[PDB]
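Q: Residues per chain, in single letters:
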Amino acid sequence: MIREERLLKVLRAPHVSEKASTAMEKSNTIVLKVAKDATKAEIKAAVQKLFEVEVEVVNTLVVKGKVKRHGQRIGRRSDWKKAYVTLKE
Amino acid sequence: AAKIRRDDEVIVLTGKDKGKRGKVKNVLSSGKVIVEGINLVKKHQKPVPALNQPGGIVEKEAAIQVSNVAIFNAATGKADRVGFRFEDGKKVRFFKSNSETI
Amino acid sequence: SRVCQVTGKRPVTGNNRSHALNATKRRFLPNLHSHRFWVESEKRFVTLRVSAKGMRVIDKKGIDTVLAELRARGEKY
Amino acid sequence: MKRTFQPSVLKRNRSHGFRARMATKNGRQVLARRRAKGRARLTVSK
Amino acid sequence: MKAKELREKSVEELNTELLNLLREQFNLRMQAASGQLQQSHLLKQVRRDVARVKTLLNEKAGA
RNA sequence: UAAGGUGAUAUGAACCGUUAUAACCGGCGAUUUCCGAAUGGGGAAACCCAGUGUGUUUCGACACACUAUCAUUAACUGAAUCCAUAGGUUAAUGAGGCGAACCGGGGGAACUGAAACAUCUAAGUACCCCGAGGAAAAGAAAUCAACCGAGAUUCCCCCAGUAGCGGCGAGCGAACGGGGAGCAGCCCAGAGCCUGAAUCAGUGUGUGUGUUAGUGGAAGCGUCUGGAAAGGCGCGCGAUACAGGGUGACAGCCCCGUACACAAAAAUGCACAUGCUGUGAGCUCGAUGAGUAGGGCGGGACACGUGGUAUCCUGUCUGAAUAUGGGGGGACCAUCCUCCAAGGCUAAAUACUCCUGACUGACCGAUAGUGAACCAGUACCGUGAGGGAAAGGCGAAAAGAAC
RNA sequence: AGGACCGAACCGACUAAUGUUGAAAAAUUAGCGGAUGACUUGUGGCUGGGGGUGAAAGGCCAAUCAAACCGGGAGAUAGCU
RNA sequence: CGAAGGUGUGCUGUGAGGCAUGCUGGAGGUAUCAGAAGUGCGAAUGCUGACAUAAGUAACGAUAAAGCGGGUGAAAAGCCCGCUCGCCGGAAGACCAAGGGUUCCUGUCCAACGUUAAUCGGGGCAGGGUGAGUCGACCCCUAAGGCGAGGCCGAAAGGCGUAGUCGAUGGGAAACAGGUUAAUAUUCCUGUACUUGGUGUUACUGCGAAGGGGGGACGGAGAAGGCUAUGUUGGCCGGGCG
RNA sequence: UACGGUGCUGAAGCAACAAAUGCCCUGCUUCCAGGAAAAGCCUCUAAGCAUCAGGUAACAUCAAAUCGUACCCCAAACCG
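Chains A, B, C, D and E are the protein sequences, given in the same order.
Under our numbering, the first residue of the first sequence is numbered 1, with each subsequent residue one higher.
Under our numbering, the first residue of the second sequence is numbered 1, with each subsequent residue one higher.
Under our numbering, the first residue of the third sequence is numbered 1, with each subsequent residue one higher.
Under our numbering, the first residue of the fourth sequence is numbered 1, with each subsequent residue one higher.
Under our numbering, the first residue of the fifth sequence is numbered 1, with each subsequent residue one higher.
No lab work stands behind these hints, which were simulated from the structure alone.
Possibly wrong hints are sitting among the right ones.
Using 27 Å as the maximum straight-line C-alpha spacing, the simulated DSS-like pairs for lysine-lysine come out as follows [to be verified]:
(1) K43(B) - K25(B)
(2) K9(E) - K9(A)
(3) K49(A) - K2(E)
(4) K43(C) - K61(C)
(5) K82(A) - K46(D)
(6) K9(A) - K2(E)
(7) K64(A) - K46(D)
(8) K40(A) - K19(A)
Here are the in silico distance ranges between beta carbons for each label pair [said to hold, decoys possible]:
(9) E25(A) - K42(B): 54 to 62 Å
(10) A20(D) - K9(A): 33 to 41 Å
(11) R14(D) - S29(B): 53 to 61 Å
(12) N13(D) - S29(B): 44 to 52 Å
(13) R33(D) - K61(C): 48 to 56 Å
(14) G15(B) - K9(E): 56 to 64 Å
(15) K9(E) - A41(A): 31 to 39 Å
Quick reminder that beta carbons are idealized off the backbone N, C-alpha and C, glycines included.
Please put together the full structure from these sequences, using the hints given.
A: Next up, the structure:
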């Protein structure tokens with residue numbers, strides 16, 4: 001079918017920062033940069049398919065891009081999506 | 001289609017190095033050629049700490065124009081001009097004033 | 001619009017000329033009248049917005065031919 | 001003093017937005033003029 | 001890869017090579033964003049690789 | 001085609017290549033997210049929400065497709081109402097929107113001039129709207145002419161600032177005729193002698209010339225100044241090539257080219273020979289465009305402002321003869337002359353340039369030339385329609401100044 | 001009960017002073033009027049230029065009004081500077 | 001072995017001008033005789049750029065108000081910390097809507113911006129931060145009103161309008177307390193809950209709409225009663241004994 | 001102790017009075033100026049269906065998607 005093509009196309013990167021690492025250590029939660037559309041069902045299916053780990057719930061958000069000044073020009077960065085995936089215990 | 005190719009030996013016609021011959025190493029898209037060991041510049045290279053950090057005044061070879069070079073012959077011993085001749089299907093270069101293939 | 005179904009008369013423009021020749025833009029409207037014609041070939045009344053010269057056209061050549069022309073050009077009735 | 005511009009994005013998009021200009025014929029001519037001039041912001045939509 | 005080895009392949013063998021290229025691209029960009037992958041060019045080539053497969057899949061399955 | 005490349009600011013890293021499926025260019029294919037005529041419904045554009053159907057299912061769901069309105073046609077149904085329409089449903093085909101100028105039509109100003117102004121002019125101009133094409137419209141004499149004749153329409157130069165029109169003011173202003181560019185004539189209103197007849201559109205085929213990548217393309221060295229030679233000086237060669245650009249100063253002989261000779265697997269536009277689909281062609285017999293021509297009224301166009309104003313067009317009311325007939329020949333009548341209205345189609349000469357290609361300039365050279373040589377219809381101003389800038393130059397080469 | 005009374009929020013704008021190249025292209029300060037109504041306010045609609053709307057001043061219609069603003073006739077016209 | 005340009009000097013013509021030359025510049029200039037002009041500026045409250053003048057003058061934006069110690073630094077009235085002082089407290093406090101758009105937090109820099117300095121910042125640069133079945137939107141439903149198949153009207157554009165379909169400023173299910181980050185929390189975590197659908201079984205049983213009825217579903221003012229939010233005092237508990 | 005603050009235990013945790021402009025109260029009285037609509041919700045049946053389908057009731061289960069969530073918000077962040 002075409003489901004596994006979508007599941008491989010959803011995930012982009014794991015996010016890395018202090019809040020991501022602290023949520024991983026305490027709350028058993030991985031933070032992922034996902035696709036822009038990327039619903040919670042597609043994210044949960046993709047993590048359970050491509051990391052072979054069981055997944056409890058997904059909280060997503062859309063991070064807005066910051067207007068950066070380069071020389072004299074102004075460029076708004078990409079709007080991307082972030083997913084806090086809570087695994088099992 | 002390029003007369004002066006990469007592993008050639010050419011003699012410089014005009015410049016601070018008129019007459020000095022040498023090997024080509026790099027031709028650029030600009031219509032310029034780096035000839036090995038003629039057009040030397042003293043670049044005041046800055047040391048970069050977040051890399052290997054040499055610094056120092058470095059001799060580089062500057063780009064020379066392709067019209068300033070001409071292919072050395074070592075049959076007549078002077079600069080010659082290069083033409084394009086059609087043998088069996090590959091296009092070859094041929095020397096002028098002696099119709100010989102490079 | 002004020003358009004006869006048979007003849008196709010539309011309001012044209014023109015001038016109110018006065019006795020001092022002061023022109024004013026005016027309209028010439030057709031003498032349009034919504035009339036019901038009897039049609040033996042359809043055994044019914046067809047309501048057309050016709051002019052009086054349109055009724056003289058229908059009174060000269062019959063309504064079976066004028067409705068054929070309206071069927072021909074693509075208008076409805 | 002209360003000034004002449006008191007903003008609201010709903011009245012903005014309902015009066016000067018793209019669908020409002022694309023409704024009427026003169027607004028489509030406004031869009032045609034904005035395209036022929038070559039403007040980068042066609043309407044005020046965002 | 002090249003065109004002709006894929007041009008001799010079946011439809012469903014092209015499909016499993018498509019899925020293999022998708023898994024390969026997934027692992028590659030995971031290594032790229034993680035801090036691995038000194039050799040970035042693989043990313044680009046695997047991208048064009050998938051396009052090659054998909055092009056033949058639009059010729060072989062029907063057009 | 002090719003030994004180099006992975007677009008630019010712009011490096012860098014990691015790589016792909018070199019006798020040929022690296023890159024690059026050209027033809028044809030594939031992909032083509034969402035908005036936009038936006039076409040499934042809606043909407044504050046780039047969003048929200050579906051329906052029906054088919055198949056992939058680990059049963060939580062996915063995927064593909066279709067679903068706008070209008071017009072034409074066909075088929076099912078089907079009201080008051082009996083039949084039948086109206087209406088409802090499905091199918092197939094077309095249209096929709098955008099674009100610089102040109103073209104035709106439906107409307108349509110005023111500033112201004114008249115040294116005020118109202119008729120007039122400006123001006124059928126601007127502007128609005130509708131429609132089509134590569135051109136469009138007009139077009140085959142119910143025309144002009146003058147008792148001699150010319151032979152459809154369009155454009156140019158005269159006639160001619162002439163006759164005329166004109167508060168006879170301001171102004172507007174022909175035609176006849178002549179010289180040219182370009183040439184083309186037909187079909188229906190109907191029957192019988194026939195069915196590929198003189199031919200056009202729609203498909204293939206062959207050839208030629210084009211277009212879309214490209215290939216070959218001649219012949220100069222020494223010496224002095226110089227940062228650097230292409231300059232000066234000296235001695236040679238090419239030239240169907242001394243057009244142009246670049247190369248460290250001014251190059252025919254250093255490079256790219258130019259004159260010249262060539263080059264297409266595939267797509268092609270053009271005109272040539274032929275094969276089908278439809279349509280007839282060639283003869284005699286007849287017909288030969290009715291609410292029409294003309295009239296009364298009110299307007300408009302004709303250069304012609306109602307004047308003695310012919311002619312054309314209509315809003316309104318009327319209303320013939322019909323080839324023993326009818327129109328026109330500038331009031332009108334008679335005689336002659338000339339043509340046949342109320343049905344159509346038609347190429348070239350002509351107008352225009354968003355864009356593409358080459359070339360030119362007693363055109364401009366950064367306050368100029370486009371508003372914009374520069375990431376410009378941008379920053380900025382305005383709710384909005386809309387307005388709208390300034391801003392080029394190191395060097396031959398970054399050798400862009402280590403310490 | 002009240003287009004009742006006193007008086008905060010709220011709405012207004014009577015007087016004075018300051019400001020007058022302001023802190024502000026209409027304000028501040030101290031007093032002032034209404035403050036259960038013909039009140040006031042948020043949000044969204046509708047009316048558009050010889051037009052709207054006007055408890056009427058030619059007032060207001062985006063700091064513009066005895067006819068807005070933008071673009072076009074248009075380089076209007078100027079016996080005047 | 002040095003053009004146009006720029007800048008001095010000296011000759012020369014009745015004048016507009018001309019010629020030579022020193023310095024800078026570093027690549028073009030152009031006789032003579034003809035030809036054409038975007039052909040000569042001091043003025044137009046001329047247009048654009050630059051720079052003066054008033055002049056180191058006014059002013060530095062509420063008369064709520066600061067003082068000191070230590071830090072950090074090259075530099076401290078202004079930043080950080082601490083002690084006092086003063087100002088608001090129906091706000092000059094704490095939440096949101098509208099509207100902005102990253103201004104939020106951390107590290108770092110002081111050219112510009114801040115009417116002064118700045119080590120500071122709502123500034124520059126980089127990194128991080130917005131977690132929802134219950135909150136708001138989306139969604140169901142309508143008001144004013146918009147669009148509007150057909151339709152009716154209109155030179156054309158278009159106007160109005162029925163069926164419909166939008167339109168919140170209104171009506172419609174569901175979550176609280178505590179803890180946590182430098183930055184989120186009714187969203188994360190802990191504890192305890194709630195709502196609406198789809199699917200499966202088990203029983204009883206008539207279900208069914210676009211239609212009928214109820215309900216949703218409503219004004220100003222006034223007065224009293226029951227209460228709570230909240231506050232004050234006592235009791236209790238921990239500390240003090242100045 | 002990074003000196004900012006993190007880690008563990010943690011007593012009582014009651015009564016009386018006062019009290020709203022908030023809740024009962026979309027109530028009650030009164031007046032004239034006579035005070036939205038529709039759906040969710042409840043109920044009735046018509047066409048239809050009646051082994052079922054559907055409904056009621058209990059239980060198990062799965063789903064609740066998408067968008068906003070920072071910060072200012074009587075203000076140095078909106079309009080001037």
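Q: None of the hints should be skipped; say for each whether it holds.
A: We went through each hint and held it up to the structure:
1. A distance of roughly 19 Å separates the Cα atoms of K43(B) and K25(B); the hinted pair therefore holds under the 27 Å criterion.
2. Taking the CA atoms of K9(E) and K9(A), the gap is about 25 Å. The hint holds against a cut of 27 Å.
3. At roughly 30 Å between alpha-carbon atoms, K49(A) and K2(E) are farther apart than 27 Å, so this suggested pair is violated.
4. Using a Cα cut-off of 27 Å, the hinted pair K43(C) and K61(C) holds, with the two alpha carbons roughly 18 Å apart.
5. Between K82(A) and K46(D) the alpha-carbon distance is near 24 Å, which keeps this suggested pair within the 27 Å criterion.
6. This hinted pair checks out: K9(A) and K2(E) have alpha carbons roughly 24 Å apart, not beyond 27 Å.
7. Proximity of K64(A) to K46(D) is assessed by CA-CA distance (about 15 Å); at most 27 Å being required, the pair is judged to hold.
8. Annotation: proposed proximity of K40(A) to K19(A) holds, straight-line Cα distance about 21 Å (limit 27 Å).
9. Checked against the given bound of 54 to 62 Å, the beta carbons of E25(A) and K42(B), roughly 56 Å apart, stay inside it.
10. At about 38 Å, the CB distance of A20(D) to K9(A) agrees with the hint of 33 to 41 Å.
11. Between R14(D) and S29(B) the Cβ separation comes to about 54 Å, which falls inside the hinted range of 53 to 61 Å.
12. Checking the proposed 44 to 52 Å range against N13(D) and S29(B) shows it holds: the Cβ atoms sit about 50 Å from each other.
13. The supplied range of 48 to 56 Å is met by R33(D) and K61(C), whose beta-carbon atoms lie about 52 Å from each other.
14. Taking 56 to 64 Å as the suggested C-beta distance range, the pair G15(B) and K9(E) conforms, at roughly 58 Å.
15. For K9(E) and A41(A), the hinted distance range of 31 to 39 Å is satisfied, since their beta carbons lie about 33 Å from each other.
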